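Student: In case you want the letters, here they are:
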Amino acid sequence: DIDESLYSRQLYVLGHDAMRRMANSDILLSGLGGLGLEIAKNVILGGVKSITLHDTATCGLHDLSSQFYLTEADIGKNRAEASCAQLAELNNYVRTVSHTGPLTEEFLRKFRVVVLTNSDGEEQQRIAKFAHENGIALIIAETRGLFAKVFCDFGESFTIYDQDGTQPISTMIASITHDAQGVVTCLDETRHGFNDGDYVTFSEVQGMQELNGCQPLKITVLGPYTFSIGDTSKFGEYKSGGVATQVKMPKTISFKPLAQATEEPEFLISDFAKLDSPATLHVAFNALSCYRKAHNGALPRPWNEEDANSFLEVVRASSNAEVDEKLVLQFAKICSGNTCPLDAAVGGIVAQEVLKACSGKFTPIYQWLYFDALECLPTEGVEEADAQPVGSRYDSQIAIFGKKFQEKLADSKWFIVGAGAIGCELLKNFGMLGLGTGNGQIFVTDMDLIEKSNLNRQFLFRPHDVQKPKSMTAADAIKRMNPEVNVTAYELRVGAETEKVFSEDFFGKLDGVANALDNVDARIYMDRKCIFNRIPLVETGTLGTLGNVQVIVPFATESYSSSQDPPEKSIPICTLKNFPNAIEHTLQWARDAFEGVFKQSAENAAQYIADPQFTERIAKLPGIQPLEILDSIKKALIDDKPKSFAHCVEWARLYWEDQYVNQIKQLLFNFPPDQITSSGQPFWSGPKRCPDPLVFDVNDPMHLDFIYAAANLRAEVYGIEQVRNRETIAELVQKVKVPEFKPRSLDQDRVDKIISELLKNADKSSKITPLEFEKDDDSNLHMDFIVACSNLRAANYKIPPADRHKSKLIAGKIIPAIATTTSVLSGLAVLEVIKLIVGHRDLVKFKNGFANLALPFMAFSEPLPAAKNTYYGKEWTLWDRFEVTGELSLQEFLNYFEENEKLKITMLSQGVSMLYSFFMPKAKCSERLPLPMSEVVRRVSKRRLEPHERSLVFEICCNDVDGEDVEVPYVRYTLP
Amino acid sequence: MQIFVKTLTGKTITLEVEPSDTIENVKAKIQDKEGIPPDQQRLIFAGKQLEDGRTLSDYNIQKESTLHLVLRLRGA
Amino acid sequence: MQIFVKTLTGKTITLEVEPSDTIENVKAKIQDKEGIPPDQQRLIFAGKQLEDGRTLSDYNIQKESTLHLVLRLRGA
Amino acid sequence: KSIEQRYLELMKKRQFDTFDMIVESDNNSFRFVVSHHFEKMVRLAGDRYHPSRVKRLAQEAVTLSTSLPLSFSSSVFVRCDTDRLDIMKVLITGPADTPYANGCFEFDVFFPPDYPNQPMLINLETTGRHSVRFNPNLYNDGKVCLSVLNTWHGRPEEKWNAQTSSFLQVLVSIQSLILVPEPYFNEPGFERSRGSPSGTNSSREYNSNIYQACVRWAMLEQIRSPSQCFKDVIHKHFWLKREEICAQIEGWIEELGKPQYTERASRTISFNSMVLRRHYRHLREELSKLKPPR
Ligand SMILES: *P(=O)(O)OC[C@H]1O[C@@H](n2cnc3c(N)ncnc32)[C@H](O)[C@@H]1O
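So the protein sequences, as listed, match chains B, E, C and A.
Residue numbers 194 to 938, 961 to 1191, in PDB author numbering, belong to the letters of the first sequence in order.
In terms of PDB author numbering, the second sequence has 42 at position 42, counting the first letter as 1, and numbering is strictly consecutive.
In terms of PDB author numbering, the third sequence has 4 at position 4, counting the first letter as 1, and numbering is strictly consecutive.
In terms of PDB author numbering, the fourth sequence has 4694 at position 114, counting the first letter as 1, and numbering is strictly consecutive.
For the record, the hints were derived by calculation from the structure and aren't laboratory data.
Every residue gets a Cβ at the ideal spot worked out from N, C-alpha and C, and that includes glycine.
Possibly wrong hints are sitting among the right ones.
Sample of chain E residues facing chain A (criterion: CB under 10 Å; computed from the structure) [claimed, not checked]:
(1) 14
(2) 18
(3) 32
(4) 35
(5) 37
(6) 40
Let's have the full structure, built from the sequences with the hints guiding it.
Tutor: Next comes the structure, spelled out in structure tokens:
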């Protein structure tokens, strides 16, 4: 089977069937330049059966611009042979070999997918014809400076099993009309979300039982809440119930051969503001081969006018269709160079296409993809003398941007937050770019350690690097790849608690920040820091095949916090408590039960055992908190303490009985199963599923699994040695006596009594230890207990059970991730970083990125300008602020604002604190008025001011002279 | 005039809108048909992000044009 | 003729239903104002049930009468 | 002046005030001097906050300083931390002609850092140490149920809305939908059984239980051990209306003494009546000891 411990994140994106299909596919990769290297790396991380690296060119100085696996000592050797040794270490399950012979017809028959890079026109045509004639998938990829070209030909009949990769959506039916155009209405006016022309199946339908398990039927969406399935008069009348589930219909398409698709190309639009670009780029790429043939196999010289004119003439002679002459000239001017982020992005795209060819999942490119990043070039262009090679490893980059931009890159300082997959790819791209190799630096921080599941998508880490810090290992790896890179690594988590290191002086010398985090709080904190220090910030985020990039420029664009994302979906309280109807509800309930039983029930006992004077601290707590703590401690230490593993088994059996018999019986007693409302709908109808108490059976694998997991976890909590024998557990659990259950329709003295009970009866020699929920370990029985609990609750309410895979996905809050999306998004982010470093300020040059490699889809948009507001006729944005210097009292602060800005402050706040307000008590207001602002902040925040703090940020709500509220920028208060 | 809105997840939306209507109206129609609140919608057309207070005529949205409903992600 | 029906904002608004109108007709005439489905509405008089099959005359609801309309109040 | 006029004039000034809930502690830490349910979540949140949260909370405070409901029947009092607007406590008095009438119910409100995108968290404290379920929407563990408090799919008009929804809206929703005169029918499905003798008997049983529950916890425990934030307001409210609560409890007792049609409900009603007499004797004992406020 598939090794889930390594491909855990990738499985949620691909699937078991897709991964099985890729495990039987052989890949041949021709050309081992930078683009070929990225393609091979991403494919190997994908986990194909085998990959063969074929190349005829030899390593040169120009290849070091993008190939991170070649060094100066590798000059003169074959690129494929030199890179094969390092490429094999990425994945031990993939057999990697190197080939140097000619690509004969018999040799090509051994590969399912063939990738061609840097191949000439005749070889490309011959191999494409052979592959199409013999049913072999072919992909042709090229990169010329700031341009890209991808071609896909997957055969005469290619079958796709999942066209979009989205999970099926199921809805619940309330009523179905019985006529020739039967209309399905969803429950209590809830949107089904079904697309027009979708195929659905029906289950759990009463009355129209013929529709149960029927073949998928084409639907017609008549509205947001209704749709038609056709003639339903041939079936019986509809009583109630029913669940309609979307079904993914496979699609079969035909790919034209290259020799035909050249004349009639279908373009996948890469940028919707450049609809005419692909038509010109097709002709330019086609005529590049003719120009090479006409000039002794030499590409046009960098930024040479004569060569550009010659290439334009060649393009004019080659094709009769009108083309953008300026675009052709630019392409000819920068065709001889090569850059790393473009290679990474195109490599990610091509690797995703290879995976699509292997597994048959997702819709491939149909058929050509052309992309460009001309906005990275300076507006005035690059002088030809500036683009001449200087015998350096960045020669292919100087051929595009010039030596001056290389000098600017060498002196740049950039901060990368998070060293995950996106962080590692950003670090690799920055190192390959030469950023910080001069007087600059690259800072990277991460608080996490390397885990085995991280190796699937993070190529900077090795199996022997587990338990090591991510940041230091990544820094060492990229130092090995490029010795000139200067990197400073930290093991800190960005936030208010680490401002000692990431102080204002640290951000003062920075030129930008790149975000590679996985949570919103860190993103907001980094946004606040970047706004306060006025430095550009680049935001990247991925989710499976989805990805996005947002660029923030000071004084130009809005911030990441200016817009809002959908909130996290919570579960209604009753749905979690008494009336679950989906497996997610039962999984959340199981997680809550696990936490409450194995963690929250033992924290107080552990604290009491560890701290001898815990009782005297908890005796001073206000309210009924001391009683709530002492009673829990007593219950955990005396009443429910098991003295043997048999007691643990008995406790597990009793807990099972209460959770799946007693509470359900009580719920049914409160609400009878056949309860009927006056108008006709039953109470246990629609979203409400009538439960039924279970009957304990030791022969049932689910019951035995739950008992085993619960008993083992309970023994682990109390320090009793675990008994990992299923037969022993089954034997022990059969002797437990279950008491009968029936449904049902001075404080100081108490605390003293309980304290006496703990000091007399309770023993401090116990080993109470709360359990921390860990999901990536298969030997801690956490996932087994969670699965057993959720499946038992599902069987309680006749909810279909979910296997361990879906339970781990949902309960563990796993974010699916793949390497190709990470590579593409990191390449785009590095392109935006290059744009920022160039010196661009017009929002037209910058482009926010959005991508979905499944469709495939990728579009760009200009970042929105910062919102403008006016007070007293003065325009201000989120980047503007007031400047208050020196040390002033609170009264002096208010008087300063009133006298200068003519604003009466009615509410002054510092972060979450509240220094001043109109409704504050008069005594506190009088006390705080003469004190200095620093002292007031220290008193209100209940924390000392650190020496590294040179300034404070205040938010004020002010009233104008006429008495109406006005929005004003925040205040920067400079400490003396 | 009839326009199409394509979500980043690949689902297609059909709207009945005459030009001159404020984006706010377009976002309200999209909310009625799917359910996302207006402030959580990001409409992209021809490399531009549609902002409130404008009409379709300024963005030259004509018949049978396609919009894109993109969203930000929290992974990494 | 005119009777009063309760709304979301606590206020009670003026509507044109008849005693001979069934509660289905009353629901339809409430619906024509805001598009609210008839099944979402529960017509109520002084805390007492009204449902589709009856007409307003069976509960002596006529001119100047008020209806405490609550939209099938939901829960946890 | 009439007693209602004096009540309205006296409690108008103390509707929205601030209290010292958090004090300075050693080694740059802070500790709670009052029992707040969301202390653990407050500590977990730390200093994280959305940029719009400060403006939203300032506008909310401006609204609450003037727009809190107030009447002889029911009133709402809000206390916030003197240094943090995101920590609040809410006291709601039961509306007249309801089982909660003249009963002080205390809530803990914490505004998450993602406010106003995420709905605020509110927890009921007057539950009698989790031994009393005052309402179907008020679980005995303290959780409070409202449709407005859910970001779940639901309906766009009923969901928590980042713009239209507000704290005052949530308070009014509680006051108008939870403390209803007939709490039994708040449960979905049971709402349509009203008008039947069985439904009437079930509602009478539930009301009889809630009567003694409120008399014990919302009145006697609040008088004996009032919260530090709501001490003087509770004292004034119970002193100004003591004859009214006495008369209302006596009327409840007379209503519970009426004959019952079914023995199953009759036994529970009689037991609740005895419990209510036992609690009302203690309440009368405590009321006479109330020193008149200045
Ligand atoms: P994905 O989860 O693969 O990568 C995210 C990485 O970022 C790190 N990270 C998350 N949050 C923070 C903060 N606040 N500071 C520093 N680093 C952070 C994760 O540990 C992952 O390595």
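Student: Please go over all the hints and tell whether each is borne out by the structure.
Tutor: Outcome of the hint check:
1. The restraint placing residue 14 (chain E) at the interface with chain A is violated, with a minimum CB-CB distance near 20 Å, outside the 10 Å limit.
2. A least Cβ separation of about 24 Å between residue 18 (chain E) and chain A goes past the 10 Å threshold, and the interface hint is therefore violated.
3. About 9 Å separates the beta-carbon of residue 32 (chain E) from the nearest beta-carbon of chain A, less than 10 Å, and the hint is met.
4. Nearest Cβ of chain A to the Cβ of residue 35 (chain E): about 7 Å, under the 10 Å cut. The hint holds.
5. At its closest, the beta carbon of residue 37 (chain E) sits 7 Å from a beta carbon of chain A; the interface hint therefore holds under the 10 Å criterion.
6. Interface restraint check for residue 40 (chain E): the shortest CB-CB distance to chain A comes to about 9 Å, inside 10 Å, so the restraint holds.
Violated hints, in rising order: 1 and 2; the structure is consistent with all others.
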